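This document opens with one chain alone, in structure tokens, the form deposited in one PDB entry.
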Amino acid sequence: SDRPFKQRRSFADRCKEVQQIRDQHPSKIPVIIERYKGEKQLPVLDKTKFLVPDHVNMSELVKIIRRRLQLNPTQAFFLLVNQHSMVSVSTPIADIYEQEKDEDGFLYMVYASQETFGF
């Protein structure tokens, strides 16, 4: 450990949590954001669970993660859905949530450095 969030929290706990936040924060998309597997070059975030305003596009989430990570302009990074799915930056996060959310109700995302993918 640390392991993936899915392995640190039972499915039952994750399902329950999602039901509750959606209840308390109906306009927020619940997002798990973790480092891509074996990624060591980019830093870990202070928090794993994000509450993302549902009217926003992917690009707004990317700009936020970029700022959470404190990357300088020269560092490029990927924000992938699930294991390695590329998501258009003009795509609404509510749409990605609908198509790609887990059975437990979270949307899972991972980030990786350009070096991880050979750039």
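Residue numbers count along the first chain shown, from 1. For the two forms, the rigid core is made up of the largest set of C-alpha atoms that agree within 1.5 Å on superposition. First, how it differs from the form deposited in another entry.
Residue shifts between these two forms, rigid core superposed: of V87, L61, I29, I33, the only C-alpha displaced by 2 Å or more belongs to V87.
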Given for the second form:
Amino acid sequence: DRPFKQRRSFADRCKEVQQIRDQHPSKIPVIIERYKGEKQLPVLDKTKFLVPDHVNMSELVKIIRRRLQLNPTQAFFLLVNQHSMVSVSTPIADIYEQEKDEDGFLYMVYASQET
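Could you drop in the structure for the form deposited in another entry? We only have the form deposited in one PDB entry so far.
Below you will find a single chain and nothing else.
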């Protein structure tokens, strides 16, 4: 229920990113959460994803949409720091350094609006 940062301390989140660097070096550590004020979209089964570093952001948008099992009419947006990723056909590795959190995770939010 509670957001990831309310379930793990800063030090623990950093240690998890370090573990992922050692055990899955070619993956980007990603946290994907439903927007707090979201009414239309369901909650994802899981929140922590290890994304192969060559995957395009625009492809991740399509993957998460499929995982939510929506109907074709439902609006869906996947945002990194409030930037919609739908047309970002750039590898996740290339945005990781600039957009990552201080803990080393890359945080994303999904919603039925882009504000």
